[PDB]
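One chain follows as structure tokens, the form solved without its partner chain.
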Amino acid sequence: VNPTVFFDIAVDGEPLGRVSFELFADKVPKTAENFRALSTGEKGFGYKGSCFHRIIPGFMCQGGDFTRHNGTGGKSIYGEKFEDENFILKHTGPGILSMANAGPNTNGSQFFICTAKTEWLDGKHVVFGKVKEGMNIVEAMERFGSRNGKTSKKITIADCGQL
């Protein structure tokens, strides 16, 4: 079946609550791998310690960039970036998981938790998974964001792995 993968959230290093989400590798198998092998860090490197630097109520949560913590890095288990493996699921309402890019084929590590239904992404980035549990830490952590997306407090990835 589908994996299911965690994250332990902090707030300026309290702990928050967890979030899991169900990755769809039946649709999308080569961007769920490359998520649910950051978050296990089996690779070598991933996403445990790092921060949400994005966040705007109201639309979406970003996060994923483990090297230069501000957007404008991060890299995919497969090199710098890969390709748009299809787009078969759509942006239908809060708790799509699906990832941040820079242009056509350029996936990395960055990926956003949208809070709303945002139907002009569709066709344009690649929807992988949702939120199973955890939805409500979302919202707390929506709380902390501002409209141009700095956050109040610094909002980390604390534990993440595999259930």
Contents of the next structure:
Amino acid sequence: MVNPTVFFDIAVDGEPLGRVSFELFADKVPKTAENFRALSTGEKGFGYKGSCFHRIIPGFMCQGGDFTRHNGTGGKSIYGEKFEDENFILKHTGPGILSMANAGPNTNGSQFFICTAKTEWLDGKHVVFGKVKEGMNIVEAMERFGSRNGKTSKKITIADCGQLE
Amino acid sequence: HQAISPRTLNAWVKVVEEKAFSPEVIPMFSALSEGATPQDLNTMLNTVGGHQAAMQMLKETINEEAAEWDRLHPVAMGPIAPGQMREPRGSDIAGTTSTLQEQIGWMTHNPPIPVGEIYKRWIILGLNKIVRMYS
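I would like to compare: after the form solved without its partner chain, may I see the structure of the form deposited with its partner chain bound?
The next block holds the full complex; its first chain is the one shown before.
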């Protein structure tokens, strides 16, 4: 297939919660899809395995991918530098959309979010690059560990991750 | 919310016409800008005709302070939580890339980011620069 599929095995304070898989839209945002795919496999020698969902806002999104500082201030792409907003073709149309977190235009690194609602106001501000395939119910469960300001009530970890096929 | 008054502005013009860029402009500027938004501050500054070189010294200080602000206040990773506002950047505090309810929010939040008071401090430093040059 053109579009890779990636999996996260989510844990909550060390205990297994369940698997979420994603379709990555390489056919629309190949650079941003490849970044997330490679970080998911560990093939560059660093990546998502062991990292946490540091910011979870119920009724909005779950954010993760900061595998360098674990608190939202870090993360790095496979490109050796932050990279540009590839396009804003795809929209934030509902639960399960997978999109790039950023700190301004053209500052993509490794942080991402998983929408748990329609967040249309994000269109043109965050690059949409995939969607949850299996395990939406796990994302919904993860949401219960969040708060209004995003602080989580337990450690929500990517205990394992990789590419399916 | 009410934007700065014509009468307040008349008094500030009167101050600036007579008193040079003497030290006395600084305390007047502070009294007349009590509770100003950044828009109000720009409106008071805009009233100043001429004094172009001085106005440029002030702008340079504003520009310098805005960039320092930015350095000491890096932007959090978004996406912004719903029901919230972007933290302000230097440009937003100086009113150049922000709008008025954009400015008023900050000034009301819990706790507040008093964008008017911060921009006022910058202006004050620029007025001190002006006063040391000319007087």
